[PDB]
Amino acid sequence: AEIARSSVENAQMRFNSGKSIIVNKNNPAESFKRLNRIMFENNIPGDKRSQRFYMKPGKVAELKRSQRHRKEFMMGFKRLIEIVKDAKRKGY
Amino acid sequence: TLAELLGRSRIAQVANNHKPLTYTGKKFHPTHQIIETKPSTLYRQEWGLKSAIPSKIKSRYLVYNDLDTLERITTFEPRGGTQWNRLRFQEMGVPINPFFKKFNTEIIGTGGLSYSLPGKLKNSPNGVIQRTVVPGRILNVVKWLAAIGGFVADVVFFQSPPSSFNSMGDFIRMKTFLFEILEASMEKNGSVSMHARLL
Amino acid sequence: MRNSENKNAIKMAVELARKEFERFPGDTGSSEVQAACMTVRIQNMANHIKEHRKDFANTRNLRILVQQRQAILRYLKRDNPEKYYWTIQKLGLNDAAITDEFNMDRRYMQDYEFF
Amino acid sequence: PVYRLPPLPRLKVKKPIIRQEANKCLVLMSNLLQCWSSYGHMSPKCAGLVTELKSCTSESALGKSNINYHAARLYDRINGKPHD
Amino acid sequence: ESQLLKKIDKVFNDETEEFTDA
Amino acid sequence: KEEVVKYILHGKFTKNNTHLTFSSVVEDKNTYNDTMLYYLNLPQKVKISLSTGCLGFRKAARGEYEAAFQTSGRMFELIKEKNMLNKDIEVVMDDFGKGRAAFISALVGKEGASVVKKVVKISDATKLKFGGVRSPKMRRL
Amino acid sequence: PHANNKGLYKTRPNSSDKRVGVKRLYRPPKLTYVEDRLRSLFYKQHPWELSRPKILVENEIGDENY
Amino acid sequence: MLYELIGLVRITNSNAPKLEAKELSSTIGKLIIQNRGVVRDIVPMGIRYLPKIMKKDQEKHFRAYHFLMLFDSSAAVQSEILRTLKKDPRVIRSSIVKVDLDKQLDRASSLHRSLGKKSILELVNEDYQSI
Amino acid sequence: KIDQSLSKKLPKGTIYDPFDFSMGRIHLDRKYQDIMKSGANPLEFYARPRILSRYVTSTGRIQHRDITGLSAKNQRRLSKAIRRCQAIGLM
RNA sequence: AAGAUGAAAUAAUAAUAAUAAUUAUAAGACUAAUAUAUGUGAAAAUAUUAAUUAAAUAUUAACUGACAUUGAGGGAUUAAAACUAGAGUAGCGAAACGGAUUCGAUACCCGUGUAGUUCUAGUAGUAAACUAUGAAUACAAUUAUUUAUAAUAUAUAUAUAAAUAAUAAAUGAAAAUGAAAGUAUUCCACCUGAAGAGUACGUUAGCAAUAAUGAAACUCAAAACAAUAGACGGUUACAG
Ligand SMILES: [Mg+2]
Ligand SMILES: [Mg+2]
Ligand SMILES: [Mg+2]
Ligand SMILES: [Mg+2]
Ligand SMILES: [Mg+2]
Ligand SMILES: [Mg+2]
Ligand SMILES: [Mg+2]
Ligand SMILES: [Mg+2]
Ligand SMILES: [Mg+2]
Ligand SMILES: [Mg+2]
Ligand SMILES: [Mg+2]
Ligand SMILES: [Mg+2]
Ligand SMILES: [Mg+2]
Ligand SMILES: [Mg+2]
Ligand SMILES: [Mg+2]
Ligand SMILES: [Mg+2]
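Residue numbers (the entry's author numbering), protein chains in the order written: chain T, 86 to 177; chain A, 2 to 97, 105 to 109, 195 to 235, 242 to 298; chain O, 144 to 258; chain Z, 6 to 68, 75 to 95; chain V, 213 to 234; chain K, 70 to 99, 107 to 217; chain U, 67 to 132; chain F, 1 to 131; chain R, 40 to 72, 81 to 138.
Be careful, since some hints might not be right.
Derived pair list, reagent style SDA-like, types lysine to any residue, alpha-carbon separation capped at 20 Å [what the hints assert, rightly or not]:
1. K:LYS193 with T:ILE106
2. A:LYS51 with U:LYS96
3. R:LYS127 with F:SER95
4. A:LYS242 with R:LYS47
5. K:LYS203 with T:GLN136
6. T:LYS133 with K:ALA177
7. A:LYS27 with R:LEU67
8. A:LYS51 with U:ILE121
9. O:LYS193 with O:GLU256
10. T:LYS170 with R:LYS47
Since the hints were derived computationally from the structure, they do not count as laboratory data.
Produce the complete structure using the sequences and hints provided.
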């Protein structure tokens, strides 16, 4: 009954949603920025618009392939730009 | 035959090394061989490598990984810093024996940093050099660490830090100090742990 | 063996059939031995199809295995007719079952009451 | 892992981003405004800073990316296309 | 059965070392 | 006995409107497992409920930025008016509507400057489908 | 005519033996030298020897009399 | 066949949490041995708060005594054990996974195998085990 | 005083060059800023919620192979083990 | 007051206390991250978890000794829609009923929403069922990644295979293909101008919708593919 109330706080903190921040008293806006960072890292905003309407599985696969290809192309372009900058530094 | 000469050619003499040229981790010893070119060959961009190094490079020392690559560039860096550190150690005079009487990869004693022997002292026109003094820079407000002649050491103090330290704070590295190297030892991984005293 | 997988039991049965049909020790590729091993695996697959009648992939596999046994036994007939008749008699089959065109069509499954 | 792009018509950044340095006058003005916000307007504490501003803006109130060029110049060398 | 009772008593009734991840 | 462990301010920011709700978490001091189950999940009672229409905005004006901003300001003023700043507050935001930023600005700004001193945690309660009911078809506009 | 390390006599060719190796003939052979190993050992045992500068300009190779 | 069972037993008596896990382990082991089975190991995992407030029947559970049982047995009685577990109010959650014995006859549990002890012989160590 | 990110700390016993006491060194260091990569089987880690939780986000979303850096084999085993942990009541 | 929209309004949102919030019940359907359909499968398909059974990998050893390739007819499986019986019916949603927009709305937008989507037992056997590219065999110059094995001591930028990307030769009307659209061999299916026309008639099968097979007359000098230069776009971005 007393150890009960001792353990209530630990038990309640255990069941964390994972989408939460303890506000910084000095700068409350910083905590909201951290929350928005969590939201964008979890793709929650894009996901919600994804579930809003229905998309045929073929179109979903087409979009997924396109997005993956664009991501890979961006990685390759960044690598090429790095090579360009290094060559410029060395005088090539 | 051609194979023998290629085996004995200076390009072959450089051991295979493929470590990252731009390394941001802890640096304890050289990782790339320094390639030197004479001024006459520098004028013509000849470094003894496969291809001509760009004329933008004015330094006479570089460290390289690939003679040639798919990008048609020589993978190099125009840096010859490490030798100076080694040479600067020779100016300190502090000595650091495996050099006296299946393959093991451990660093053998001092791996070419210093081949001196402990039992010698320096004569000077003033007289016998009892203790060697070199200038350095105290880096941070912490023991306290100092950049002394190419190596980072932990400085052993003598009573209290000078008040200049407290006044300057994080701008401490701007001012030079004079240290005396108490001792130099080599750790297993190749780090050179030196203990010095701020005079 | 009662606590083990069915694959182990079929392995033991295949070993027994091979050693019962082998011409000499170590003989595993003779047409009779191949036919016997195929027969054991075919019986196992037939039991599986009997308990799973909507598994069309394994029904196709069973059909292909039966046709493979037919082909190897037809070769044995063309090569060693005496051993061919001995093998088909031992396995419970006749000449017509081997030589005639066979597909596991719905007509077969209805006529022979596979399910 | 390494990703290799196909033979491309060009190698160019759509919007090269340049590091313009914020004007000294603007940041000095901001510091003065924060000074008068905390200590108060015409406060004795930060009045010295005012002097700096009075000089820094006295003459005038306020007192480039070559990536595309080098990329276009170097692309034929570094793209790693097959011979012909 | 005897070994079952013995081991169960050991693991649970006895305060043996338990595989609980810290 | 009904003591209030904390308060909870929830905001549902949909496309066409924003709904702000203030509530209190009541508690009753009095089997071990049932006491736990009560403790982890406390009862919740609504105290203040507002929508942009309550502020006078009509039709499409309900979903506009100013509507949400003024609704948040009126909300905070109302919690101050009924004197419910005595215990700490928990801010929950449901959806990424256009009034979510208005709520954030009103809260962190001068309008909610009194309320922000008592908030302790900000959480998200956005509801997502891992996989479920079919969504409406796309609108061919 | 004898058994291999596993204890098996070679009686028939294996799969790798029954593949035509013309590409092996027409590839440029990789050149390997024993020194390349010891060198890698030496500069591993004495990393600071690397710091000593090296000149790769050959002078005259044929003139060496050592 | 080797089967690893991971049971999440409910804790109702706050003073003796291990009692219900003991009764469940006794029942399952008795079933396994009396139906021509073997109980290779019983690893007593500790008390842990459940990730969520999981619900079985009408009771809502927030914590559970986790436990593991590695046992060699046949498929039919394995399914029977699963059926008994699912309908038992005491077992909040249950899961039985095959541990393959194609290569090595003796294998440890997932926990010890993850630690690095592949076999139970390594668990009990090896001295005078070359006899 | 100097913000810590604006200062470069040479560790003890490390060699350095004059370039190290420069903002360029700090920028370069910024630019170039476990068990499952050790030859282990992630499927064996299916009753181990902590080690699995190392490889998920705060919300529990499995991290991409670009983030984890695991091999495709071990990435697939990790995903399978995480989903199994979710199913069996753990995690 | 809520709900929706470009803005609105709807015979059945709310003062019978609605929307929103917190709980507690029942219902079905579906499966977020991982994720690349990488892979597996003959294709159709298939990624929430566990189990039972079946099948699928490489190397080595032993064995058979051409037992192989393709395959008319035939057989089996075959998305979505559809139908026949039962149950199910939370969302979505043909048709229908209304509200908007419009010169008109028979449409796009909005509301209620029947069949259907779901499960079981069947019928049917059609898709841009696509890689618009049938299967098998021998050969064919490179590079880069991975992917999977085999080693040797992270290092051999290690070797052997397959996937992917860009190519050489070759081929092609070109686009382009690139280890096949190349060099050759074997077998099968298909085509002979556009329209009439996959239409009519007949026949076969299905409960039916329909599916398969499938013309002819008449009309015409047309018809189509690739690429080129323009114009144009309620086509993008960059500058001025
Ligand atoms: Mg055949
Ligand atoms: Mg998924
Ligand atoms: Mg065929
Ligand atoms: Mg589909
Ligand atoms: Mg029906
Ligand atoms: Mg329905
Ligand atoms: Mg609808
Ligand atoms: Mg129209
Ligand atoms: Mg409609
Ligand atoms: Mg249907
Ligand atoms: Mg059918
Ligand atoms: Mg049709
Ligand atoms: Mg067709
Ligand atoms: Mg076709
Ligand atoms: Mg053609
Ligand atoms: Mg027809």
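Within 20 Å, alpha carbon to alpha carbon, are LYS27 (chain A) and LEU67 (chain R)? Given pair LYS27 (chain A), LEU67 (chain R) holds - Cα atoms ~14 Å apart, limit 20 Å.
20 Å limit on alpha-carbon distance, applied to hinted pair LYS203 (chain K) and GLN136 (chain T): Answer holds: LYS203 (chain K) to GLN136 (chain T) is near 10 Å, not above 20 Å.
CA of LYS242 (chain A) to CA of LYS47 (chain R), is that 20 Å or under? holds (17 Å)
For the pair we were handed, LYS193 (chain O) and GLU256 (chain O), check the Cα-Cα distance against 20 Å. Distance of about 10 Å is within 20 Å: holds.
Hinted pair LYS127 (chain R) and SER95 (chain F), Cα distance within 20 Å: Answer holds: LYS127 (chain R) to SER95 (chain F) is near 15 Å, not above 20 Å.
Does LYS47 (chain R) lie within 20 Å of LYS170 (chain T) when you go C-alpha to C-alpha? Outside the cut-off at roughly 24 Å; violated.
Satisfaction of hint between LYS96 (chain U) and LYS51 (chain A), Cα-Cα up to 20 Å: The hint holds at about 18 Å.
20 Å Cα cutoff - pair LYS51 (chain A), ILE121 (chain U): Measuring from Cα to Cα gives roughly 14 Å; hence the hint holds.
Is it true that the CA of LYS133 (chain T) sits at most 20 Å from the CA of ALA177 (chain K)? holds (17 Å)
Are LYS193 (chain K) and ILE106 (chain T) close enough, with their CA atoms no more than 20 Å apart? This hinted pair holds, its Cα atoms lying about 15 Å apart.
Hint check: a violation occurs at hint 10 only; the rest are consistent with the structure.
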